[PDB]
Amino acid sequence: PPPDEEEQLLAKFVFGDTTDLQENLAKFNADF
Amino acid sequence: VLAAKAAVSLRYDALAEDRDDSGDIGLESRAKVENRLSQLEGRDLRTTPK
Amino acid sequence: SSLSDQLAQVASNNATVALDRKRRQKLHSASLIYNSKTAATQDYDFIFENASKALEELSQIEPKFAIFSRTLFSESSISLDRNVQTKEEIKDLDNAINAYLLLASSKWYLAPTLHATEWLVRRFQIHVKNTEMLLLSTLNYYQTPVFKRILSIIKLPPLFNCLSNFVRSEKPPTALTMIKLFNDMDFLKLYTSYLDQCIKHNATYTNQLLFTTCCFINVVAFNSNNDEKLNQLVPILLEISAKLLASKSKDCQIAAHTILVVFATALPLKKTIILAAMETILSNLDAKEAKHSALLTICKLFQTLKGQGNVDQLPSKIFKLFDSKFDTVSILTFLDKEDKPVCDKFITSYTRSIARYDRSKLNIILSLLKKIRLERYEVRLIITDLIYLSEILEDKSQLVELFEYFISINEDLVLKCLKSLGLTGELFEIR
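Chains as they are written, first to last, in the authors' numbering: chain S, 13 to 44; chain b, 362 to 411; chain M, 2 to 432.
No lab work stands behind these hints: they were computed from the structure. Mixed in with the good hints there might be a few duds.
With a Cα cut of at most 30 Å, we get these calculated DSBU-like pairs of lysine-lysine [said to hold, decoys possible]:
| hint | chain 1 | residue 1 | chain 2 | residue 2 |
| --- | --- | --- | --- | --- |
| 1 | M | 156 | b | 411 |
| 2 | M | 156 | M | 27 |
| 3 | b | 411 | M | 190 |
| 4 | M | 65 | M | 27 |
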C-alpha cells in the first residue's frame, strides 16, 4: 500500500517537506 | 562657466553678419560646459579609503 | 587578539541570526523599497506574495527566471532560514542566489526586479550573507537610486571599501569612485570571477559590459606611470580579454577588443603576446559587427610595438587565419576609407607574409602599396623581400609592375638597397 505522488504532493506541502525543495536548491549549476 | 560661454555665444549671435542661425557654437560651448560639469561631479570632497 | 575583537568577530558570524527580538526588528526591517517603520511590520507570506507578483512578470519577460519559482520562489521556500541549513546546503543556496543575481543584473531597471530581489534580501539576507555577488552583479547601476538604497543596506565587505562613505548618503556615488574601486588589484580578481562566471553562464548584457571596459580601461589610465603595478595588471586584464573572446557574444568581443587596444596603447607588450592577441581575436571573429572594431584593434596593436623584428612577417597559421577571417579586398576597402586610420606598422609586416607563403596576389600588393604613405625603413624592408622574391621566385610581370612603381616612387631607395644587396644592372637583368 504505497502513497501516490499526488497524495505525496499534498503531503510535501503539509508535512513541511523541504527535501524535495532542497533537491531543487541543490539541482542546478550553469543552466544555460 | 555658462556666463563665460554666454559671452562667447551671445557675441557669436549678436555680432555675426554671416550666420548659420543653427546653434552650433552654442552647442560647441554647451558640450564643454557639460564636460566641465561632468568632470566636476566626478570629483568628490569625501574621503575614499582603499 | 583582544577579547572584544574576538567577540565582535562573533558578531560577524551571527550578524543575520536574530536572537533577541530587537535583532529581528533590526534584521527584518531593512529592505529595498519599504521604510523601516513599515518594513518592520511585514509578514513573510506578504512579502513572498509580492515576490511572486513581480516574479511572474519577470518569468514572462524571459523564461530563465521560471526556475527560481521551482526552488527560490517556491511557496515552500518561505519558512527556511539560511542559518538552519548545513554549509553544504548553504553553498547550493548561494549558487542559486548568485546565478539569479547575474541573471537579474540585466533586468534591474524594472521595478519587477526591485520587488523581486527585495524579498531575497529579506528572506536570505543577501545584503549580508552573500554581498559580494550582490554588489558585483549590480555594480554598474551606481547612478540609480535603487542601487543607492541598496548601499545603505549592504554590510560592506573589505573588497568594496571605496563606498564606506556612501552608505546612507544623499548624492549618488561618483564615477571616480568606480575607478578607485577598480584601481585595487584584488578587486579586479573579483571582477574576473564575476565576468568569467557570466561568460560560461552566457549572461552578459551590454550596459554593464560597457561599464566593465570603462572601468578596466580607466584602471590602465590610472596606471600609466606605475609600470610595475601595470606589470601585475597584465594578468588580470588579459585573462578577462582572452576568456571574453571565447564568448559567442559580439559585444563581449568588442569589449575584449577595447581592453586589448587601451592596454597595448598604454603598455607595450612583447610582440609574441600581440601575436597571441591576434590569434585569440581572429580565431573568434565570426559575426559582422565585431569585424570593424577588430580590424582597428590590430591596426592599433601593430602600432603599439617597437623592437627588433618590428614589422616582421606573421606566422603562417596567423596569416592564414587572418586571410580567412578577412579577404584581401576587405583591407583594400578599408585602406581607402576617408577615416583612413594609421595601420602603418601592420601593412608592411603583412605584405611580407603574403610574399613568403602565398606569393599569388602581388597585384593586390601593388594596390596595397599605392594606398598608404608608409614609413621609410618599411618600404625599404618590403623591397628587400621583393628582391628575394625576384631572385628565388620565378620573375613575373606583377613584380615588374611592383618595381616599376618603386622606380616611380623612391628609385634611389631601391638603388641604395640594391647597392646593399645585389647589383643595379643585375636588377635590370631580372626583367
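Okay, the hints, checked on the actual structure:
1. M:156 - b:411: Holds, at about 17 Å.
2. M:156 - M:27: 13 Å, holds
3. b:411 - M:190: 16 Å, holds
4. M:65 - M:27: 33 Å, violated
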